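Below are the chains, spelled out letter by letter.
Number of protein chains: 2
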Amino acid sequence: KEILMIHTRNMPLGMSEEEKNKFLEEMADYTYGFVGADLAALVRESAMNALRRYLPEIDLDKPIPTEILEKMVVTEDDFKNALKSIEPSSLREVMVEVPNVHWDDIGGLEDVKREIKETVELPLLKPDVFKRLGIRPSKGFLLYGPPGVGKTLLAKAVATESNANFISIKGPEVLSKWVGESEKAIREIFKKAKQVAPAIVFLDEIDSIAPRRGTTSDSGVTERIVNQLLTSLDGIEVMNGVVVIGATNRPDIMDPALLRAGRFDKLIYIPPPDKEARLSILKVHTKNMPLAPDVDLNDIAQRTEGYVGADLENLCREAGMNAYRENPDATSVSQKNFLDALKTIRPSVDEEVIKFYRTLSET
Amino acid sequence: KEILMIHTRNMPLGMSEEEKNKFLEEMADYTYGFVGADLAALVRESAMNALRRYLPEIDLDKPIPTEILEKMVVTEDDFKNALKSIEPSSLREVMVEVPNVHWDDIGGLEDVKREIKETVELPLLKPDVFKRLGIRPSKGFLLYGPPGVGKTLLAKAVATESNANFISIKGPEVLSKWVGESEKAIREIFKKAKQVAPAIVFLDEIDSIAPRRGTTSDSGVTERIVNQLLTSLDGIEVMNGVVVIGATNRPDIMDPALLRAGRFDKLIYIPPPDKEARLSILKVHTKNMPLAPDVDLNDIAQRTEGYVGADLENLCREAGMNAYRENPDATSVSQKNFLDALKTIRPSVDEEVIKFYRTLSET
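Listed in order, the protein sequences are those of chains D and G.
Heads up: the first sequence at position 16 corresponds to 16 in our numbering, and the numbers run straight through without jumps.
Heads up: the second sequence at position 324 corresponds to 324 in our numbering, and the numbers run straight through without jumps.
Excised from the complex, chain D in its bound form:
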């Protein structure tokens, strides 16, 4: 935005009196392929988006009239046409980002969420005091529970709360980089976060690394990623402001030696929501979209039990399509829409995976 304005300094469109889609931040949200000069080329592409419509329909030549230089302008669309036109360059990797997710954006469950306060935030603020108290909290925790449900969003919540930029390392992200043997760079991302410290290193669905590779020639029967993760733990400590956060669907199958205490310590379980949490997370979705309270939010809570947050966040999201409001197919929000969605949405039909958690978690 501060680089683009330099090219707005090179345009007499005006800004801060003009506030509009052309506001440079809203357009800056689209692009990570680029850096400062690429934006210069971009505004030249946008500036060229203009000349290609303007100049040809004029059919100019050595004479250049002044009126054109006057009546001609640079619209918001040509930027979009310039933004949709892409030449991604900047290094292949995942970059730090600050989301807006917070306690306000997580309905969740206060009991398990409240533990995140003392698990992350407190160690962040007072690493020197626990020395005075004579305490050294863990190096990270491990989340396991029903798939989806927002377990990925739970870390994005503590991300904005920690006031530190956030990186999410997801299984597919390592695999695409793995083919290039860049796992050493995946480790560099952690050393990179340290140079950026404070920053949060989030290992997502780390059970997703092994399943595709079975047992093959990785480091040997144990993965090189595991070898990269073992070494990733060698560098960090409880001292650094960087926080390791595990999230896993199956925190067993791979190589529990790496999941062993001292590597990933706390075992935290994400339970599926309940009627009230189902209602709370529901209220968070419906408040943004227009609402006609023909539904009884407690009644559709009666119908709904055994539905995880994934089904709900999808159900809240899925029934929205069946309902139509502000266009002329419109049908308002009604139990009929949530009734038809009841058939479309898949319940939780496996209590197996649920009892493996409860039995294993209890004792």
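Quick caveat, the hints were computed from the structure, so don't treat them as lab data.
Positions of the beta carbon are idealized from the N, C-alpha and C atoms, including for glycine.
Some hints here could point you the wrong way.
Derived DSS-like pairs: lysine-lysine, alpha-carbon spacing no greater than 30 Å straight-line [to be verified]:
1. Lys355/D / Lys170/G
2. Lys80/D / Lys22/D
3. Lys170/G / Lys139/D
4. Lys139/G / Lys117/G
5. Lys139/D / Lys84/G
6. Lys275/D / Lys84/G
Now the in silico label distances, taken between C-beta atoms and shown as ranges [said to hold, decoys possible]:
7. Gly235/G / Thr216/D: 33 to 41 Å
8. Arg260/D / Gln195/G: 26 to 34 Å
9. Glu19/G / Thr216/D: 56 to 64 Å
10. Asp61/G / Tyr30/D: 37 to 45 Å
11. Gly262/D / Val196/G: 40 to 48 Å
Once you have looked at the hints, place chain G on chain D.
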């Protein structure tokens, strides 16, 4: 006791100033099957439980006052919340016990004990002369008889007396690994006993797969495990006095090689408890709990016929519970409780299993 104590020198839990037993043996009971790391996490999560009380309520940031340290006192409640916390998680890996029992700790039949001494104590203390007399009393021996009495207890009494290392293989450990096609983990504990020998290795249903079938062995009487037991029993040398103990609930499932020379020389049969033995067993169990001279210990025994050690122990714990919980009176448990408690119960050992034993001992 030692691990927790290292943690207890940096924290004032060592001597008891509080309402519990702070000698760490009490906290050691609920902790069965832990290692130094798991306990460090336990007391570490205990400082968290302590931290959760004191810091959030005062909620300091920079300051470090003296009062917050004066106010902080570690309480039992932290461990209770920690023991109720995720601290128990997984059952980790197999373990071997350590013995106690001596003649003082356990009663039971005198016939088999002396018979076991002939088999155990004599070859251990006097192997030399037995070599030159053409007299070999035993190499190892088999214990079979009524289950549930903890015949292991008898093997521990003689083992502790003779001052020979005792080893017990719990049935569940043999049940799981046999399916995993791993008989080596079973060798390790035995091999651990062979090198440290002279030692007495007790095997509780090392054939456990077979005893689960009850009377018969649907497959052959031999399986993968016994094949090495056969090999091991023969492979033992005279460099160290060694006596191996197989034990099972069902003797009829044995490979005939086992019963032969150099493997099982002697076959031990524990006949049903003697009338006088039941009296002593009933007295040992009842005086470990609240007791008063309100009863006649011989009268309760007369009503008992066929009851085994497992049944006699149930009578004592059941009486006190139905008896006065707290009283100033000299009587705690009463004769009416013992008598009435007998009418409900029934003898454990059954006739069918008895017949299958007698025929073998004769043959």
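Quiz item: Of the numbered hints stated previously, which ones are contradicted by the structure, given in increasing order?
Solution: Numbers 3 and 11 - these are the hints that the structure violates, sorted from lowest upward.
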